[PDB]
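Quick notes on the structure that follows.
Note that this complex is displayed minus one protein chain, with the remaining chains in position.
Lettered A, B, C, D and E in written order, each chain numbered from 1.
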Amino acid sequence: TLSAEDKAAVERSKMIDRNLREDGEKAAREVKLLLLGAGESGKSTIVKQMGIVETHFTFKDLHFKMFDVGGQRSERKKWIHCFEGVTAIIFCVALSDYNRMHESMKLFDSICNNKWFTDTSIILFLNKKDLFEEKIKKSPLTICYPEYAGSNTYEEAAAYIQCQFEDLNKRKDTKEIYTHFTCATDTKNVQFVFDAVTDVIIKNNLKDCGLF
Amino acid sequence: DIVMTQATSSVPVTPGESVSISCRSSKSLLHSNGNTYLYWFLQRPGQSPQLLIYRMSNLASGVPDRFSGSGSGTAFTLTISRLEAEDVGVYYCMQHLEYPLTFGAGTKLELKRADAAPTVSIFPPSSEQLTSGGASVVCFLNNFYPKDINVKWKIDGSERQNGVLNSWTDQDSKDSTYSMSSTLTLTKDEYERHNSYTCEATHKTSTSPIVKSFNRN
Amino acid sequence: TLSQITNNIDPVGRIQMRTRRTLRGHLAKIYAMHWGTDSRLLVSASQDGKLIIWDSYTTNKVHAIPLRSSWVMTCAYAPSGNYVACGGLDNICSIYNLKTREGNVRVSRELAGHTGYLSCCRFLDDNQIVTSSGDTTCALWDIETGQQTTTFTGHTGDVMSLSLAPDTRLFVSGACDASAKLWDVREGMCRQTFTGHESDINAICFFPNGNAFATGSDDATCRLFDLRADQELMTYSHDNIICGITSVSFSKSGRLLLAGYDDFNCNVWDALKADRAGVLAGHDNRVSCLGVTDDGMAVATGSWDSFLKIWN
Amino acid sequence: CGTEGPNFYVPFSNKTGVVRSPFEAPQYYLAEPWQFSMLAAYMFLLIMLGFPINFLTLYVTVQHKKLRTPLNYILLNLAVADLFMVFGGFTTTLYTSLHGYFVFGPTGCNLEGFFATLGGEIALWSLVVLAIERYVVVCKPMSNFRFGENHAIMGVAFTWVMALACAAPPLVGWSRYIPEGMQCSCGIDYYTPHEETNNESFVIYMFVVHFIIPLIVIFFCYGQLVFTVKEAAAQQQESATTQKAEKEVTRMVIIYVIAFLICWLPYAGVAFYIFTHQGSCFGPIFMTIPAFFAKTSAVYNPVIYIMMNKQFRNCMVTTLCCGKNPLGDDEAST
Amino acid sequence: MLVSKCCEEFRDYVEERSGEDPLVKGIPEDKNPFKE
Partner (left out) sequence: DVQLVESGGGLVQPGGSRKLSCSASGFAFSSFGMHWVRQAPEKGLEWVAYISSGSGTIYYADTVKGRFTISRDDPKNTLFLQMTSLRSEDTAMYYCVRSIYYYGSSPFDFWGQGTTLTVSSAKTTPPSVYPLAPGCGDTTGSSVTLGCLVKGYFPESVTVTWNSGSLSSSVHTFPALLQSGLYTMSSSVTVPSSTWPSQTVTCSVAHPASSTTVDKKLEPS
């Protein structure tokens, strides 16, 4: 017995609830291509052909979103406690202005298997990697690390950066880090991250549609 | 369908005192939800009505707090703490329990004053009204209180029933009075057949009927 | 102490909190919800740019509000029943006016001026609003014109949330350096500072007489405190649980205590005999914030589930 | 070769007088009783295996609130298919096997065949639209489509539509339900020369609609899907985990192909050879085999889908001794 | 002003509140809109 006069009062709830859910439709058709790092991180030429920050750049039929903070170990509590649903960690890192590397060691120890964002996808871009090949020869990286256990080149250097991220991992398996060897920075990177986010959404589909 | 019930006309309350107007129901209008769904409307003359009390208990926007409502489960009454000079006019009750909705019937809130003297005037038809043929003898009556009044029509002394039309104004508030005009619609022969004609007014304010007359001679 | 003085209290029993009403509707995580004041309406704040106030009796959606910025960490509801207060990251403290506006509900003041992210907001009346941000400091305001009227400092860390005692004239604050401080609203000299946790404190509320309060934190160790004593009064700790405790709110009688945890339960506690008074399962995900009414009739939880649940 | 009748048809010789209807008489005069005995023993085995999986299927469905996704309704409809077949195909034929003959008349025959064949068709289209939804989610062949719950519920609607597309016609006389082969099973006539129940039309309808189209679309969706995963794993020639995913995707797709082909290809082989060799004669032991393997495929339908989905084969890890699944709060307090 | 006194005050506020609380005292379902 409620058949009395409120047949707008529930009807309003249908009219508001449809437009409630259809805001979610053009939610997540985009993804969120999030700018991280510090100064000299090499994402200014990225954001060049491309509150705090947004943008709306598109390429090949897929509108994008993008947001920006910076300054780790104090900006951590922002996104560990109150971010969400990131499909793109753009961990742009300065390569000749460091220090700020055990920054990354203890930061990736704090993020990688904590309950909120264990399922992050941490993608490093050595933006201006010529500055990295310059920095590791002008300064042998044994100043920052005890366990530098390789040769004098770039391959074991970048691979050892990938090690010393996940050397404080200590219980997990992989991240599948898409290290663009960043060229002269006016270089075609939109296709790179384009089919990169294509493969991450495909593996997010297959993890949740039965087939592995 | 469910019927609301009022009283049609009411006492002019003196400007400056409280007043109360009721309306009650042909069904128990309280639903199991908890509050009875009842509406009190104000309408001024020549205007468009805004509401006063929504859902039996609550004043609305742009209305001062002198409109204190009063509710039973079935009978309902709006009480005004003081009649100001601008709450004049018609009140409506209108339930909101089911569809469709019927409304009340209207109840007038007026202004109270002293007595007044009926000002009388008689007019025989002038010549172009005579060429119209069906004559029009009129009698005006002004500034009197209330418009409950009676008119007598002794045509050759004979208290004629037919051909008598009456019309009342509303409470003309430039002096807070009433004014009524009556016509005597006539034919040609209804004019020519008689000689003597009297309007005779009888108001509350005295026992004496005021007479105005003429003769076709 | 409290605990060794609790030697007189006969026990409380086992009471079923029956899961009365299930609120659908959402599509994302819900970081915040809060009540009306006639124990009937409920504001709720979730990640997908929409802001929903609610009639829990008949259980249908009353309003949803568009934001232009899709980041929330608080929302408050004016005890008039006219002003909703939505915060965010981008320091745009957006005050929306419900009833008097015709059709719409649009802003009348964007309090701007905080440096870092805007953590919590609470209303006093239709006049002012007390707010807490990441700028280590907090402020009382004046929304009639938009001047930041009064601003108090003292911490070394970001503020997390803020709390009232319903005689409207004292407030108490929680910030990430394990700090809970007292400030009188009008004057606000640096009255007294409260420690005891090690964590960034993540919730606090006040015992509804006006004499004591309690803090809930994500180091899984809640505590209760006097207005005067500055030290620990009653410790609240399941010895078998080390996942932390996200929100806290006393019941009407002060006999009870809610707490939602990280293991997706809300243990209801005796406020007297330090016991697990009962358990609330049924949460898909972590309890974000829980709220008692103004009469303790119902109680409600908002979580990451994209649902609200009504316990009796 | 055989023996006709109004409601019965036995493919066995009635020049020796021995043929009676199984509505009338036990059919031990042509078969060994120990044949029926071993048949009943492994029917007992398969009912004992095939019921508790559906039991704990809907039990893990309702108890754990994580699982009622828009990507999981079709496993539930496949479970409905297995439930229909477990209740209304198995124990009635077991009952008539203990008799060695049928007792329920053509009305009970219509009943039993209705339940069994309806469950089989629901299982078929469960396989079909699982494949279709994975195709549309992973590929996006149409520009700008995304997946809601509404499409999955419309899919379940399409499953019941294709269910009714087969369960109806022997109710309205066009080719009927009869007992069949050894006659211990009931189902549809497809092999008695009789245009009056209009058999060949229903043959073409069943064969094209319920076997050719589903096989087409599963090979189509799986070809596009496997080639898509090949293309994606080719874009990154250095990810190990993408190549892992490539290998188990290839493995599971070939597994479902094998399972589906064994599930139906015998019946199509039967209609294939018989219509290929129109007017040929056989034995009921010969004709019994494909329905036996069909109901065996109804047993292994949890094996391929339910018993191997990673997200869902947590259940058999948590099943074989006790039961506790995620409302056991695998929380890892840090 | 030591603690056991204030805890007695906390008692003395808690004590005469069962008659108002609909939870500890519990509630009859006719006196609650939480029927479905």
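Brief remarks on what is shown
The definition used in the following text is that contacts are C-beta pairs under 8 Å (C-beta built on N, C-alpha and C of every residue); 3 or more make two chains touch, one makes a residue touch a chain.
Of the options B:12, B:69, B:104 or B:118, the residue whose C-beta touches the omitted chain is B:104. The chain that is not drawn here is touched, among residues C:5, C:12 or C:62, by C:62. With the whole complex as reference, residues 1, 39, 48-51, 54, 60-61, 92, 94, 96, 99-106, 119, 121-126, 128-129, 132, 136, 138, 140, 142, 165, 167, 169, 172, 174-175, 179-181, 183, 185, 214-215, 217 of subunit B touch the missing chain.
Contact between subunit C and the unshown chain involves residues 40-41, 55, 58, 62, 81, 102-104. Although one chain is not displayed, subunit A still touches it through residues 6-9, 11-12, 14-15.
Criterion: only the chains that are shown with their structure count from here on.
Here the CA centre of subunit D is 61 Å from the CA centre of subunit E.
Centroids built from CA atoms put subunit E at 50 Å from subunit A.
Inter-chain spacing, taken between the CA centroids of subunit B and subunit D, is 85 Å. Residues of subunit A found to touch two or more other chains are 2, 115.
Every pair of chains that touch is listed here: A-B, A-C, A-D, C-D, C-E.
Note for the complex: subunit C touches subunit D at residues 241-243, 262-264, 281, 284. On the side of subunit C, the complex with subunit A involves touching residues 25, 27-29, 31, 47-50, 52, 58, 60-64, 69, 71, 73, 89-90, 92, 117, 158, 176, 200, 262.
Contact residues of subunit B toward subunit A in the complex are 31-33, 37, 96-99.
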